[PDB]
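Enquirer: If you want the building blocks of each chain, they are given just below.
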Amino acid sequence: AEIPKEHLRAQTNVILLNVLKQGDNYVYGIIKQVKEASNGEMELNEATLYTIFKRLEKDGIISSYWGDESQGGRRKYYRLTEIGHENXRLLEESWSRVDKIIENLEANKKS
Amino acid sequence: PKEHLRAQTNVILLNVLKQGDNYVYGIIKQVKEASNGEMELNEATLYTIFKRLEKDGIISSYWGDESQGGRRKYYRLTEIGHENXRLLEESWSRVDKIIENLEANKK
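Chains B and A, in that order, are what the protein sequence lines are.
PDB author numbering puts the first residue of the first sequence at 2, with every later residue one more than the last.
PDB author numbering puts the first residue of the second sequence at 5, with every later residue one more than the last.
Extracted from the complex, chain B is given alone in its bound form:
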């Protein structure tokens, strides 16, 4: 009927960590880049991001800082911590094993 929240949550978390793995980033840019990378199909919800980033920041996975004010407004940047980088590696390793397990489930059914 619908995508379970645990998958939605995991998908958004995977997207965000890949974005911040590429570089420090801010909410407007993250939303725009993901929108562009999804050919318009994924417009992340701004309130949700502010929500996730405060959690991720309390768990030490990201840190934040203000950009320069030369142009009037300032961006709030987010940075992947060394903890966050280890977390990205753990996700990559574990999903990779899960994909192989599923591949092996099909192969073992061929029997």
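You may find that some hints are simply not true.
[As the list claims (entries may be wrong)] Between beta-carbon pairs, the in silico distance windows are:
| no. | chain 1 | residue 1 | chain 2 | residue 2 | range |
| --- | --- | --- | --- | --- | --- |
| 1 | B | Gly41 | A | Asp25 | 35 to 45 Å |
| 2 | B | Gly74 | A | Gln23 | 46 to 56 Å |
| 3 | A | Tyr51 | B | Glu93 | 22 to 32 Å |
| 4 | A | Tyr66 | B | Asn105 | 22 to 32 Å |
[As the list claims (entries may be wrong)] A short, non-exhaustive set of chain B residues, derived as facing chain A with CB atoms under 7 Å:
| no. | residue |
| --- | --- |
| 5 | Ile4 |
| 6 | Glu7 |
| 7 | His8 |
| 8 | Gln12 |
| 9 | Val15 |
| 10 | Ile16 |
| 11 | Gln23 |
| 12 | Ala38 |
| 13 | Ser39 |
| 14 | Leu92 |
| 15 | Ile102 |
| 16 | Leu106 |
Just so you know, the hints here were simulated from the structure itself, not pulled from any lab data.
Yeah, the Cβ is synthetic: ideal placement off N, Cα and C, and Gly gets one too.
The hints should help you fit chain A onto chain B, whose structure is shown.
Expert: Chain A only, in chain B's frame:
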């Protein structure tokens, strides 16, 4: 993260039932065999998860043949379940596409 563990377990379980109807120990056995012994799912945990999935219409259950003595509860992926699996594939495929384009556009 728990949501990833949770999602990972969920997709494994749905894939097992996509391969065929199965019972809790048979699923555990198959996952252990498919992971070279590395993933040994907890029998009480699955039992819990399957009761949730069943109340939510994603799987249904029925009793197996008792010719070898005891009673085994089998589970089947419902039509809702097959559609949920199709939605997971679609949405994760988009995530994979997004990530590939994020690197490609960076260059």
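Enquirer: All hints, please: hold or fail.
Expert: Status of each hint after checking the structure:
1. At roughly 40 Å, the beta-carbon separation of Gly41 (chain B) and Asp25 (chain A) lies within the given 35 to 45 Å, and the hint holds.
2. The hinted window of 46 to 56 Å between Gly74 (chain B) and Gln23 (chain A) holds, with their beta carbons roughly 54 Å apart.
3. Taking 22 to 32 Å as the suggested C-beta distance range, the pair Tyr51 (chain A) and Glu93 (chain B) conforms, at roughly 30 Å.
4. Between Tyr66 (chain A) and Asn105 (chain B) the C-beta distance comes to about 27 Å, which sits within the given range of 22 to 32 Å.
5. Annotation: interface hint on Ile4 (chain B) holds; nearest CB of chain A at approximately 5 Å, less than 7 Å.
6. Restraint check, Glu7 (chain B) versus chain A: the minimum CB separation of about 4 Å is within 7 Å; hint holds.
7. Annotation: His8 (chain B) was flagged as interfacial toward chain A, and the flag holds, the nearest CB pair being 5 Å apart, inside 7 Å.
8. Given hint, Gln12 (chain B) at the interface with chain A, holds; its Cβ is 5 Å from that chain's nearest Cβ, closer than 7 Å.
9. For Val15 (chain B), the suggested interface contact is upheld, since its CB lies about 6 Å from the closest CB of chain A, less than 7 Å.
10. The criterion of a C-beta within 7 Å of any C-beta in chain A is met by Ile16 (chain B), whose closest approach is roughly 6 Å, and the hint holds.
11. Residue-level restraint check for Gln23 (chain B) holds (minimum Cβ-Cβ distance to chain A is 6 Å; threshold 7 Å).
12. Given hint, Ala38 (chain B) at the interface with chain A, holds; its Cβ is 4 Å from that chain's nearest Cβ, closer than 7 Å.
13. For the restraint placing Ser39 (chain B) at the interface with chain A, the shortest Cβ-Cβ distance is roughly 5 Å, inside the 7 Å limit, so the hint holds.
14. With a cut of 7 Å, the hint placing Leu92 (chain B) at the interface with chain A holds, because the nearest CB-to-CB distance is about 6 Å.
15. The restraint placing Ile102 (chain B) at the interface with chain A holds, with a minimum CB-CB distance near 5 Å, inside the 7 Å limit.
16. Interface restraint check: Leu106 (chain B) against chain A, minimum CB-CB distance 5 Å, threshold 7 Å, status holds.
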